[PDB]
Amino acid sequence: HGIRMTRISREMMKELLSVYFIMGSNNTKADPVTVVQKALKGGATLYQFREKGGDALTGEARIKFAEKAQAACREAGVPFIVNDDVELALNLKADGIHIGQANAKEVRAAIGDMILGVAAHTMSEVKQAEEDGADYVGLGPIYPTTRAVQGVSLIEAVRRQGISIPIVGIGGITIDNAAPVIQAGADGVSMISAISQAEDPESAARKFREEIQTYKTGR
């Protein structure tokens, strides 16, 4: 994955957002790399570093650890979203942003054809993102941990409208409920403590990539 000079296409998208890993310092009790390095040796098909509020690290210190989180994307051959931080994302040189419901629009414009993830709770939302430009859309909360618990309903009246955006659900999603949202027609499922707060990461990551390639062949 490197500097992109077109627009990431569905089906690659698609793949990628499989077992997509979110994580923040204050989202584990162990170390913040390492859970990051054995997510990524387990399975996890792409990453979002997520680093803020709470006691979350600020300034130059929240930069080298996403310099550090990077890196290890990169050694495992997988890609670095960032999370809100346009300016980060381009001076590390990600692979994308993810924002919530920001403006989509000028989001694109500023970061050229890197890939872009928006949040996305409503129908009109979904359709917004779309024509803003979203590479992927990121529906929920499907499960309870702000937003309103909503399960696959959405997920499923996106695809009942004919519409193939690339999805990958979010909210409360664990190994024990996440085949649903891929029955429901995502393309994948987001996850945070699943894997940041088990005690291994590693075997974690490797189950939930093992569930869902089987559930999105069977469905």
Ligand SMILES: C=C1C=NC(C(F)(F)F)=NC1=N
Second form
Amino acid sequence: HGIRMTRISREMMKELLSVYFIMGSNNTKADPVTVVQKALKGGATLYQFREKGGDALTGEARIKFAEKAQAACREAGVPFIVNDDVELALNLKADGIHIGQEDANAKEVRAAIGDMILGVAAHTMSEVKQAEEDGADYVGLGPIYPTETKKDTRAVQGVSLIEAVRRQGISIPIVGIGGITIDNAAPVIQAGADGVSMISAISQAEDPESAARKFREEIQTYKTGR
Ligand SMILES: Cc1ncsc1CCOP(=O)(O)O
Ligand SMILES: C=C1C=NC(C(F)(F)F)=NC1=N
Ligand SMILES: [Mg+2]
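Having looked at the form deposited without the ligand, could you now put up the form deposited with the ligand bound?
Shown next: the complete complex, the earlier chain at its head.
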């Protein structure tokens, strides 16, 4: 995964979304980079650097942590996505950036990042359609299930939006997020999603490598079976 000179294909994007691990230093009691390394070894197909909150790293310490996480992704051959921070994504030559409804406007971000991967968090049909129009390569829909990892989230929606989007003929790459575990991931894929994203199911697992491997194995099975 080098510098992109063309927009990523939908086929490739959907493959990358399979097991999308997201993490910040304040999401685990273990060593942050070590957990990321274990998740990648287990089978995570994409990683998002999400460092925010009161006890998250800032300044130079945050940048250095990001560099080490990006290096871990490079060693595993997995793309590195930055959450919220467009400047950081450009400065590190990240593979992509993820933004939400309260962040920089998607039109503005797409113009600033060229052909880098762009993900947009959506909670309604209107937002999903707007994201596609603005040039997003994928949308993150949720929260599917209850979650305490992110407090300022909108109402839990199950797989309702995923189903509605596919029903309207929209084929944009979709990843589900919010309280997803190895036990409840199947319905997300069966509803039409191209993958599942998670923080705590892997970051707080007593065995992150095994947890990631389990996710990878079952998601592959579900995608072939739906
Ligand atoms: C970042 C984010 N965005 C919507 S829900 C969520 C949290 C996912 O965390 P967990 O997988 O631990 O529920
Ligand atoms: C709020 C979010 C929603 N979706 C995603 C992703 F999984 F990447 F799509 N990441 C986020 N940080
Ligand atoms: Mg955001």
